[PDB]
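> If you want the building blocks of each chain, they are given just below.
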Amino acid sequence: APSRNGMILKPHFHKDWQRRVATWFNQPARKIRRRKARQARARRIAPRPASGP
Amino acid sequence: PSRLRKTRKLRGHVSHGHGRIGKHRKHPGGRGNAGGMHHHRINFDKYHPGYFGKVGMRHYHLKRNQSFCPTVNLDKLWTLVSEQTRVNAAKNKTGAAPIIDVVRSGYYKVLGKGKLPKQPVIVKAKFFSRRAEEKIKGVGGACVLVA
Amino acid sequence: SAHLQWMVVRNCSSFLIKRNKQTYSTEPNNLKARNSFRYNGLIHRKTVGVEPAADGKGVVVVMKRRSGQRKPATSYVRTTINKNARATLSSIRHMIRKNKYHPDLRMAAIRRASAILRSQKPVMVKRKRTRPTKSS
Amino acid sequence: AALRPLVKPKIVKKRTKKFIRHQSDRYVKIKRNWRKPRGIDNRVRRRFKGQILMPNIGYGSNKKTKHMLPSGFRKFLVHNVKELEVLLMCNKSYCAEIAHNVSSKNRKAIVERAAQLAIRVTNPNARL
Amino acid sequence: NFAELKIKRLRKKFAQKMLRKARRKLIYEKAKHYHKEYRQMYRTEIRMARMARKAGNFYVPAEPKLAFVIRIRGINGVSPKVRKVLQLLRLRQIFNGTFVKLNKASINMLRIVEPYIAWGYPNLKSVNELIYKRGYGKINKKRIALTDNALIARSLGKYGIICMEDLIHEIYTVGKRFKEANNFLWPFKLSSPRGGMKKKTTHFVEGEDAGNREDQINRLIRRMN
Amino acid sequence: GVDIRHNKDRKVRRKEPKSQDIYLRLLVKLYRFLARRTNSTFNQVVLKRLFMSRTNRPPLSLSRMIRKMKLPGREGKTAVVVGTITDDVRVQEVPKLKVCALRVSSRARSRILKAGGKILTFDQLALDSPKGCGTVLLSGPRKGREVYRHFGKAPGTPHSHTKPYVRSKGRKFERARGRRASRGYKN
RNA sequence: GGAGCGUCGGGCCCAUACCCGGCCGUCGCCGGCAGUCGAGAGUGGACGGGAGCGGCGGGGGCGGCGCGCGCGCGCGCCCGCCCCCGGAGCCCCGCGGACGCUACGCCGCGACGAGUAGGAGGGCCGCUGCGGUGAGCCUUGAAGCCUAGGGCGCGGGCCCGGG
RNA sequence: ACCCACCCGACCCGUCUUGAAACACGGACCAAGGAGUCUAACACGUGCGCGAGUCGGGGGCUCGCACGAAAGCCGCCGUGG
RNA sequence: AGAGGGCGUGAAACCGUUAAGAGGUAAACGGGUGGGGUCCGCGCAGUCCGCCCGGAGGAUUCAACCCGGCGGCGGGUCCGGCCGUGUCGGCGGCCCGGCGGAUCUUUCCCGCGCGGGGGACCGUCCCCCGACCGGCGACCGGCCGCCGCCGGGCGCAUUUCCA
Ligand SMILES: [Mg+2]
Ligand SMILES: [Mg+2]
Ligand SMILES: [Mg+2]
Ligand SMILES: [Mg+2]
Ligand SMILES: [Mg+2]
Ligand SMILES: [Mg+2]
Ligand SMILES: [Mg+2]
Ligand SMILES: [Mg+2]
Ligand SMILES: [Mg+2]
Ligand SMILES: [Mg+2]
Ligand SMILES: [Mg+2]
Ligand SMILES: [Mg+2]
Ligand SMILES: [Mg+2]
Ligand SMILES: [Mg+2]
Ligand SMILES: [Mg+2]
Ligand SMILES: [Mg+2]
Ligand SMILES: [Mg+2]
Ligand SMILES: [Mg+2]
Ligand SMILES: [Mg+2]
Ligand SMILES: [Mg+2]
Ligand SMILES: [Mg+2]
Ligand SMILES: [Mg+2]
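Protein chains in written order, with the deposited numbering: chain L, 2 to 54; chain a, 2 to 148; chain r, 2 to 137; chain e, 2 to 129; chain F, 26 to 250; chain Q, 2 to 188.
The hints are simulated quantities; they were obtained by calculation from the structure and are not laboratory data. Treat the hints with care, since some could be wrong.
Said to hold, decoys possible - Below, computed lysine to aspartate or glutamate pairings styled on DMTMM-like, alpha-carbon distance capped at 20 Å: (1) a:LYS114 to Q:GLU94; (2) Q:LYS97 to Q:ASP129; (3) F:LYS106 to F:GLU139; (4) e:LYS109 to e:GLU86; (5) a:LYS119 to Q:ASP10; (6) Q:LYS97 to a:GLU84; (7) r:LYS47 to r:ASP105; (8) e:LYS83 to r:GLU52; (9) r:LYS122 to e:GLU113; (10) Q:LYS115 to a:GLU84; (11) r:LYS19 to e:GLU98; (12) a:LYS77 to Q:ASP89; (13) r:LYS33 to r:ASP105; (14) F:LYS166 to Q:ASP10; (15) Q:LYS119 to Q:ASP88; (16) F:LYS223 to F:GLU239.
Claimed, not checked - Residues from chain F that keep clear of chain Q, each with C-beta distances beyond 10 Å, as calculated: (17) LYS106; (18) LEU176; (19) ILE187; (20) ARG238.
Unchecked claim - Taking CB as the label site, the calculated pair distances span: (21) e:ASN102 to F:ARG117: 56 to 64 Å; (22) r:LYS22 to L:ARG36: 53 to 61 Å; (23) r:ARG35 to L:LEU10: 55 to 63 Å; (24) Q:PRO18 to r:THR27: 28 to 36 Å; (25) e:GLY51 to F:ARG117: 29 to 37 Å; (26) L:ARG49 to Q:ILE120: 51 to 59 Å; (27) Q:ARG15 to a:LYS138: 25 to 33 Å.
No residue lacks a Cβ here, since even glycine has one placed at the ideal position from N, Cα and C.
Build out the structure end to end from the sequences listed, making use of the hints.
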């Protein structure tokens with residue numbers, strides 16, 4: 002029940018959302034992995050720009 | 002910080018701050034915005050005048066970038082450029098007037114709030130107000146349309 | 002400043018010691034062991050500190066220069082006074098009063114020295130006084 | 002000939018018995034430790050005649066003699082020797098308690114040092 | 026520098042001591058006058074009646090100016106109109122009292138609080154005994170006992186009232202400056218009535234203690250003050 | 002038993018600042034002293050303001066500080082502001098001012114000093130004028146905060162112009178039954 | 001011949017009410033104290049000429065704004081001084097300032113103090129783990145446990161002794 | 001503070017209730033366990049930083065992370081909010 | 001083994017016993033005293049200490065003073081020099097001072113009208129000396145005054161210690 006003034010607000014937590022929460026504890030581990038993989042790809046394409054084409 | 006919160010101070014007391022005549026039952030009003038019309042109506046129509054009902058035209062595939070038109074007021078037009086354009090001017094003695102490309106700085110329209118200092122300009126912009134035009138002319142300048 | 006760093010320190014210093022409804026302070030060159038602004042060795046541009054002598058006889062006064070704090074190695078300047086009690090006090094008195102240095106302190110500095118010269122009282126004499134040791 | 006405190010006034014206490022907890026007598030599960038009652042009817046919590054008393058700030062000690070031991074001192078729980086030398090400049094107003102957990106060798110080391118400085122100890126003749 | 030200043034400070038010191046002496050002497054003469062004034066008032070009321078009585082006549086003396094009003098019942102279950110007036114007489118606690126100048130307005134306010142008060146026309150002695158034994162100033166809103174005239178003066182001296190005696194004369198004659206001298210006095214916290222009362226709840230006329238008892242308020246004053 | 006209501010016996014005003022920061026607290030120590038020992042009520046007002054909340058000491062724009070000193074007669078003075086001095090990009094020519102502030106933003110600082118302005122701290126103001134003599138005590142607009150536009154007689158209460166808390170403005174967020182005449186009614 | 005009923009006296013009895021006093025807390029005081037004169041405060045101080053027992057010859061006012069501990073004065077000798085606290089000796093000291101001043105401290109005056117539901121503040125109340133910190137404590141005995149032992153705190157609780 | 005005596009006082013708590021010592025319910029006793037949490041969104045208050053701006057994400061550059069899945073920096077500093 | 005194979009610590013309920021005390025209004029409780037126990041602190045006078053003083057005994061070197069040395073403080077002449085704030089002079093760092101700029105110039109250079117770099121210009125940051133002023137806890141050097149320590153002097157109406 003609403004009590005005296007406030008946004009009549011609609012949250013979208015009626016489905017079973019806690020079954021599909023996606024945490025981000027990866028992200029540092031991820032960020033590194035990309036970065037290694039990046040440095041490897043440079044080293045493979047030896048004098049070619051790391052960039053791409 | 003649980004340490005600071007209220008339930009630490011309620012420990013010992015029976016009702017936990019929810020009273021003992023009426024209690025803390027689950028959902029006595031109904032869940033959420035239930036009763037907007039019936040039984041919660043007064044709150045809705047004294048803090049949300051106009052919740053209920055349709056109005057105006059539908060618009061199916063709205064794409065916001067078509068209507069993109071960020072405005073800027075004369076108020077702070079000179080802010081767009083380095084002070085030393087506004088200084089090398091009120092000086093110079095050619096009656097030059099420096100250009101101000103407003104679209105470069107990220108505003109499309111030029112509306113007309115504020116006093117513009119007596120110091121000629123050439124304002125390039127996608128759109129202008131009527132008043133913004135007038136003020137600009139009164140300074141001794143020239144509005145300039147750009148695509 | 003003095004006051005600024007007292008704001009930083011007043012409740013947090015390692016030298017402080019609350020407990021048992023009192024508070025105290027263990028920082029050196031604090032005569033009276035108070036967690037006070039007045040009686041704080043570390044904070045003030047000019048400082049007094051009356052420790053006992055390592056000998057076991059006598060007292061050391063510990064002035065602070067003003068020359069250069071920033072350089073703690075050189076900052077304090079110690080001075081043993083190992084004299085006939087009444088004299089010791091007077092030397093401390095003059096150090097404090099006639100140099101116009103930390104005039105606020107001074108009587109506290111005298112009482113400290115006094116208590117230190119009490120300390121070096123006689124331990125053996127005290128033992129004799131407490132127990133009569135007569136007729137088993 | 003023990004260490005006299007500076008001033009030995011008459012401590013005067015408003016209440017001597019412990020406030021005990023309602024129905025701590027009747028039950029082994031309830032402990033003496035005071036608890037305010039919050040019961041809707043409660044002889045005690047609504048101050049009837051003939052019941053166990055409720056502690057107020059009314060019973061409070063006089064500020065001069067609050068925490069004053071019978072001897073006239075206030076405790077200060079010393080933990081090692083270095084910690085004593087604090088009391089050096091009080092001695093006439095604070096005494097030294099030595100801690101339970103301190104060893105019987107260095108209990109001794111504290112006691113004789115306090116005896117130099119004339120700080121009264123509140124549990125000296127003990128560990129041995 | 027030194028001996029010039031010293032003498033200047035000694036001069037100052039003396040000029041104070043002189044003034045103190047002066048104001049003391051004023052106080053002393055002000056009393057002496059008020060002694061003569063109350064004497065003259067007392068006799069010249071008797072004077073009058075005797076002279077009416079000499080003729081086949083009557084001397085109806087003045088209706089009283091001033092009355093002491095004691096709150097004689099407690100602070101539970103009391104009607105809102107009464108309660109308001111009782112806190113317009115400053116009669117909040119039971120057995121508080123105030124002087125009150127009489128007039129159509131004032132008297133009727135006492136009429137609306139009748140079974141809550143005992144009141145009437147105080148004696149000279151009553152005004153003295155109340156002021157000397159239980160005379161407390163309102164001085165920066167702190168009830169403070171009138172230990173010296175430096176207190177009374179400090180507050181009421183802008184009215185010509187510079188001592189306990191002046192105060193008593195302002196209260197008793199109901200002067201110009203009564204409102205300000207009477208409000209200065211903190212309401213009189215009197216003890217319980219020694220020897221007891223007759224009946225709290227009923228009017229004087231009908232045996233009890235409440236209401237106007239005119240002359241007899243002075244007996245009650247003595248057994249409470 | 003006495004009849005007083007004990008209801009509004011405790012006054013709710015602040016005494017110290019609620020902040021724990023040490024430099025402000027030194028200013029408070031200084032202005033407590035001055036407040037009590039000087040007759041100047043300037044010190045009292047300043048002291049009072051040092052205890053107030055961020056909300057309660059709003060920023061004073063440079064243009065607002067200009068125009069308040071442009072006023073006739075308060076010339077060769079010092080403006081004082083327990084809040085912060087901010088820039089106005091929509092003012093150009095800045096006269097040479099004298100200013101006290103707890104803060105001045107980096108732009109506002111430049112503009113003033115470029116003009117030949119002097120900036121003072123509050124410890125500096127005290128030495129300069131311990132009884133607040135020859136000062137202009139200004140304040141930022143208290144009721145600037147967008148907050149206040151929701152305060153008052155509620156929306157949907159005839160003749161109120163009180164912003165409702167709404168998730169997002171647009172055609173279909175409110176503006177139906179209770180604003181149009183066409184839809185029920187309007188207030 | 002009331003220990004009954006109606007009318008009335010004195011006298012005495014006691015509530016957490018009233019009065020005085022103590023002590024605790026809360027509220028209030030534009031409260032006080034970062035080191036100074038001062039108690040209805042109603043000035044202080046240069047400095048220049050002219051002078052001196054002169055003064056400011058104003059109300060039965062009973063009086064506050066002016067008077068009798070000195071203004072000039074004792075000493076050096078009509079003229080000079082009327083001197084400095086590293087020393088006037090102090091009830092006021094403006095030359096420097098607590099035993100006191102953790103300024104979140106310390107101190108002073110008043111007033112007041114029922115409380116369910118409920119709200120807020122403070123807890124050097126209590127539990128477990130983390131960063132700091134105690135040149136902490138501990139096999140010369142930690143934690144826990146038990147105790148007609150000693151104490152502190154209004155209380156949550158706490159500290160010591162012995163086992 | 002252990003026990004005993006005596007005078008006065010004194011019904012059993014919890015709870016729902018206008019009203020509970022109730023012939024209203026729950027409760028033989030002790031130990032341990034045991035109930036206003038976390039996430040999201042809003043609003044107001046307060047504290048801090050910057051202020052016509054502010055912002056940090058997401059991404060990237062710096063390390064094998066002992067402490068680091070931290071810390072730092074970015075014409076990305078502002079795509080964008 | 002007061003760790004004995006379901007055995008570390010070993011709480012409470014509950015039970016056994018041992019000791020003490022009580023006992024016809026179920027017990028238990030609050031307030032107030034009394035009696036008894038348990039221990040705890042004593043005292044085999046607790047007359048408790050500390051200043052200063054007067055007297056009476058006994059014992060070491062001084063203090064006061066100079067002299068020599070060291071260290072510290074404070075000061076102004078800012079005296080001499082280092083130090084830094086505001087201002088003015090050098091246009092002097094300006095290219096031997098860099099960044100920033102929608103200020104300018106493609107008279108320039110290089111790379112392809114644009115990019116990069118010069119070159120002007122403005123804003124900002126640094127050298128040279130003189131002058132005025134805040135002479136600022138930012139330091140040195142001499143001189144002064146004062147303090148303290150060590151050692152020299154001083155032998156005893158002194159200055160200590162002790163009873
Ligand atoms: Mg890529
Ligand atoms: Mg609630
Ligand atoms: Mg309930
Ligand atoms: Mg409800
Ligand atoms: Mg009830
Ligand atoms: Mg009644
Ligand atoms: Mg009635
Ligand atoms: Mg209340
Ligand atoms: Mg209450
Ligand atoms: Mg409650
Ligand atoms: Mg129900
Ligand atoms: Mg019912
Ligand atoms: Mg019940
Ligand atoms: Mg029944
Ligand atoms: Mg039921
Ligand atoms: Mg049952
Ligand atoms: Mg549990
Ligand atoms: Mg906020
Ligand atoms: Mg074992
Ligand atoms: Mg076992
Ligand atoms: Mg084990
Ligand atoms: Mg037996």
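> Hints the structure violates: just list their numbers, smallest first.
5, 27
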